[PDB]
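Q: Based on the sequences and whatever the hints tell you, model everything.
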Amino acid sequence: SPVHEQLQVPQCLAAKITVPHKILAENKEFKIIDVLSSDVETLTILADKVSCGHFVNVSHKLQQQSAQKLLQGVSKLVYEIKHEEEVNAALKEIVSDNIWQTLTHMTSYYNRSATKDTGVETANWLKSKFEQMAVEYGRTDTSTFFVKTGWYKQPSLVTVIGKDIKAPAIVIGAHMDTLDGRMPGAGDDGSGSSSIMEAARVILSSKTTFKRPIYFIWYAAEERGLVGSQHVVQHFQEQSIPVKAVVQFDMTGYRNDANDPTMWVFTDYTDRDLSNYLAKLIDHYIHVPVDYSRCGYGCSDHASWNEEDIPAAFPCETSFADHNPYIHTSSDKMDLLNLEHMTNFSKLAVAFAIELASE
Amino acid sequence: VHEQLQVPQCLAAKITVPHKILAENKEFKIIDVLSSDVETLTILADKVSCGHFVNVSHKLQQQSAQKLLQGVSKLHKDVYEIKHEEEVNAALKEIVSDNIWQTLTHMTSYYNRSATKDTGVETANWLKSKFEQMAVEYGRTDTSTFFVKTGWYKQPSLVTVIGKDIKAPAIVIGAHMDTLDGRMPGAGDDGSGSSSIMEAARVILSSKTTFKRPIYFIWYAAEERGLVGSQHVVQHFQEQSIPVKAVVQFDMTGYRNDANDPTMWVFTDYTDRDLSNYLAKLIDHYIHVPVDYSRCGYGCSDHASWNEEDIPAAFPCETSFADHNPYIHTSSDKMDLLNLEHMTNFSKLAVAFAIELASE
Ligand SMILES: [Zn+2]
Ligand SMILES: [Zn+2]
Ligand SMILES: [Zn+2]
Ligand SMILES: [Zn+2]
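In order, the protein sequence lines correspond to chains A and B. Numbering-wise, the first sequence is residues 3 to 64, 72 to 81, 89 to 93, 97 to 378 according to PDB author numbering. Numbering-wise, the second sequence is residues 5 to 64, 72 to 81, 89 to 378 according to PDB author numbering.
Be a bit skeptical, because a hint or two may be false.
Straight-line distance between alpha carbons at most 25 Å, and here's what the computed DSS-like set of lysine-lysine pairs gives [to be verified]:
id, chain 1, residue 1, chain 2, residue 2
1, A, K167, B, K146
2, A, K135, B, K63
3, B, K95, A, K172
4, B, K95, B, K352
5, B, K299, A, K299
6, A, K63, B, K172
7, A, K51, B, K30
8, A, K63, B, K95
Honestly, the hints are just simulated from the structure, not real lab data.
A: Spelled out as structure tokens, the structure:
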């Protein structure tokens with residue numbers, strides 16, 4: 003009565019199978035096995051206990074040749100919210116006015132182009148500000164350095180809190196640059212640069228010892244094609260600095276409708292689980308709506324990480340369809356932005372840092 | 005100086021500054037251009053609105076460039099959206115919790131619903147009669163039912179359709195009808211889902227709307243044998259060229275880890291990312307409970323069968339994987355351990371998914 007059936011089984015489950023079976027084909031992630039129908043339910047019970055996946059009945063699709078051919089992806093069974104008190108206390112320390120002041124200063128450069136002296140001055144000033152902040156709060160485990168940009172004279176600025184911690188890092192970024200000409204660059208990406216500077220200040224003023232280093236990075240030459248972030252990613256590979264997760268803040272201040280506080284999670288060139296985690300952090304800690312959008316190839320600095328398979332996510336001020344119409348112009352000015360919106364992005368950065376760096 | 009840029013085809017087609025093609029493939033060109041022209045390309049890219057470019061100069072020339080190429091996201095494509103509030107909210111108001119509980123009472127009274135048993139067969143026959151009686155009761159005339167065979171397994175899959183003549187990629191809502199052998203009431207798995215989608219089918223059958231797409235309600239056979247029925251159904255649709263736009267799977271809609279916490283879970287493994295995000299929005303907008311995310315592994319449930327053929331498929335579920343019902347696959351998987359409000363919420367989700375997607 004009992005028939006032969008063929009099952010595609012993940013290796014993690016296949017290794018524990020003890021009913022009689024023949025292996026028909028195999029690869030790194032799967033075996034295809036032949037077993038009796040009367041023993042299949044035994045494999046269900048086993049799968050339940052092992053908790054690394056179940057199996058797919060492939061009898062219909064078939072033998073060793075077919076089976077091998079059939080084989081030419090098994091998911092591991097994390098990002099959670101486990102630090103409410105610490106996050107909520109840190110969110111209470113964010114000072115909106117600090118964001119506004121940083122943005123005032125950044126937007127007063129004629130531009131912040133990676134080919135210009137003003138571009139260079141921007142990088143120097145961000146570096147100093149972070150350094151002064153580390154001294155102000157007595158934070159002793161910090162370090163700063165430039166990562167060069169080839170023929171572009173503006174370097175990327177890399178900063179770290181927990182310089183000696185040997186674990187995959189958590190990275191928070193923005194880009195410091197603009198196009199040439201008169202470019203205040205308030206929204207893109209003065210706003211993100213300023214939002215993450217205030218989040219850095221909050222981490223710097225805490226006395227927590229995290230389980231992972233935390234980087235704050237301001238990339239050079241994003242406008243030129245992600246130049247600075249490509250140099251940073253390469254710098255990390257060449258110094259074997261592992262990275263667990265990256266968030267990008269690029270445009271944190273323009274609201275399509277002042278009364279709608281929705282934050283947008285970008286779904287192209289980003290890590291799916293990390294993106295979902297941002298959606299949760301927004302809902303749990305920021306208490307505003309979340310919606311989804313795509314911004315295209317080469318959209319911002321997260322893409323540089325995503326290309327090297329490092330988990331990276333991108334929350335943004337608007338959808339792509341409704342983006343700030345003044346970006347890349349002399350009209351990209353701070354009065355058109357919303358400080359609450361900028362503050363909310365800063366809160367997100369802080370919550371991402373504290374949750375992920377504490378595990 | 006010159007610079008090399010990796011450009012999507014859509015943008016590359018519009019470039020009129022001087023440039024040399026160094027390499028190209030189906031989705032991209034790498035071009036060489038003067039540095040003085042790069043900002044021109046930024047402006048162009050902003051206007052063309054199909055993506056920007058990556059500066060690859062650091063990584064390079073034609074050999075490196077071709078080697079570098081060995089894709090491009092679409093930005094003006096249709097998006098899953100919420101555009102049918104009034105119709106959805108009225109249909110949600112028609113869902114009757116009690117009908118769900120009654121269906122579940124009947125399904126759980128079979129000794130089991132194993133695909134190798136007569137009780138498995140009787141389950142499929144009863145579901146088919148129930149859908150058919152419901153279609154006649156409301157005078158819905160554009161419906162049709164059929165069994166899809168399951169090879170050696172005697173339980174067929176039940177495929178049902180509302181809008182049988184409509185020539186457009188369909189919307190599919192599923193659950194599995196089966197259990198293990200022995201005494202398996204299978205309340206949670208997957209009596210609950212089977213019942214939640216039966217009540218959603220009733221609501222669509224009782225409406226008078228003419229949708230722009232056929233709507234399928236499917237109860238798969240032999241899910242517990244490794245997705246056997248779903249595979250037969252997917253193959254049936256491929257061999258008959260019945261196109262499918264989007265699929266949702268309801269597997270376990272009734273157990274709450276904490277009775278007071280009504281969170282619904284979107285499964286991120288073996289599912290379509292955009293459709294999964296859309297479910298999160300449907301949950302938040304129409305159901306008004308929290309959403310959280312979890313993975314359940316290879317061969318989890320019938321959505322995987324669709325996902326393998328690149329048909330967009332999504333899987334909302336009653337708990338996380340870690341916090342899943344502890345009575346599953348046992349005789350204790352009983353109705354009394356379930357929560358009817360949770361089952362009703364899943365039924366609402368099915369109704370909202372059908373009406374939103376089938377109306378576009
Ligand atoms: Zn930007
Ligand atoms: Zn920009
Ligand atoms: Zn199930
Ligand atoms: Zn099951």
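Q: None of the hints should be skipped; say for each whether it holds.
A: Checked hints:
1. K167(A) to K146(B): With Cα atoms ~68 Å apart, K167(A) and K146(B) exceed 25 Å; violated.
2. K135(A) to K63(B): holds, 23 Å
3. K95(B) to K172(A): Not satisfied, since the Cα-Cα distance of roughly 39 Å exceeds 25 Å.
4. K95(B) to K352(B): It is violated: about 45 Å lies between the C-alpha atoms, which goes past 25 Å.
5. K299(B) to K299(A): Roughly 13 Å separates the two Cα atoms, so the pair holds.
6. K63(A) to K172(B): Given pair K63(A), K172(B) holds - Cα atoms ~18 Å apart, limit 25 Å.
7. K51(A) to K30(B): violated, 46 Å
8. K63(A) to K95(B): violated, 34 Å
In terms of the numbered hints stated before, the structure departs from hints 1, 3, 4, 7 and 8, listed from lowest to highest.
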